[PDB]
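Below you will find one chain, with nothing else, as structure tokens; this is the form deposited without the ligand, and questions on how it binds or moves follow later.
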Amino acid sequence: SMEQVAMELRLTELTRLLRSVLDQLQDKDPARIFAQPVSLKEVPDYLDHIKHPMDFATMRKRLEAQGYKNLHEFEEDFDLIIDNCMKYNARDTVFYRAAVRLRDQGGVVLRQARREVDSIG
């Protein structure tokens, strides 16, 4: 149907905007702390602590499969990156502090992304 196509075009355009958002958020992580999944070879107890691991590469795979239907879904995954790190790692660590800085800086980006998603529809 034409309606199905139009819905698919909207998903594609959302995917474009989310890719630009994802790029901008990941620039706020120049140490690449959140770039890849936590390794279960290197942190073998991780899944005892963190039930839904998340990282920028895993988000990028979901994105390229057009797997985010709305901005809320995408933000959920971004917040998991931050929140998982802030639980596993103590306050005095470079990991936790990197997470706080990513959260604070990414807030700005996400604030305008929400206005753009609403504005364009």
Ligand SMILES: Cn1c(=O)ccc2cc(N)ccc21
Contents of the next structure:
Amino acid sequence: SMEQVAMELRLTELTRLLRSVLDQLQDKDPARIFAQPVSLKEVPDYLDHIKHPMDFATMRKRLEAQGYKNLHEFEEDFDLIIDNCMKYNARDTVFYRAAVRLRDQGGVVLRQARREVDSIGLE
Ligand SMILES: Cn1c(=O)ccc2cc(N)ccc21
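Return the structure block for the form solved in complex with the ligand; the form deposited without the ligand was the one displayed.
Next comes the full complex, and the chain you just saw is listed first.
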């Protein structure tokens, strides 16, 4: 139906916008600490601690499959990256501090992304 096509166009446009947002957020992680899943070979106890791992590569996979239906779902995964790190790692670590900086700088981007999703009407 034409209606389903129109909805698919909206999703495609949302995916385009979120791809831009993802690129901007990842630029706030120049150390690439959050680029890939935490290695279960190198951190074998990780899943005992963290029940829902997340990372930028995993987000990108879901994004390209158009698996984010709204900005809230995207934000949930971004928050997982930050929140998982701030639990597993102590305050005095380069990991925890990288997460704090990513959260703070990312907030700016996500603030204007919300305005754009609402304005253009991509949900
Ligand atoms: C425990 N942990 C994190 O929480 C986030 C990123 C990370 C990266 C490496 N290379 C090793 C461990 C890590």
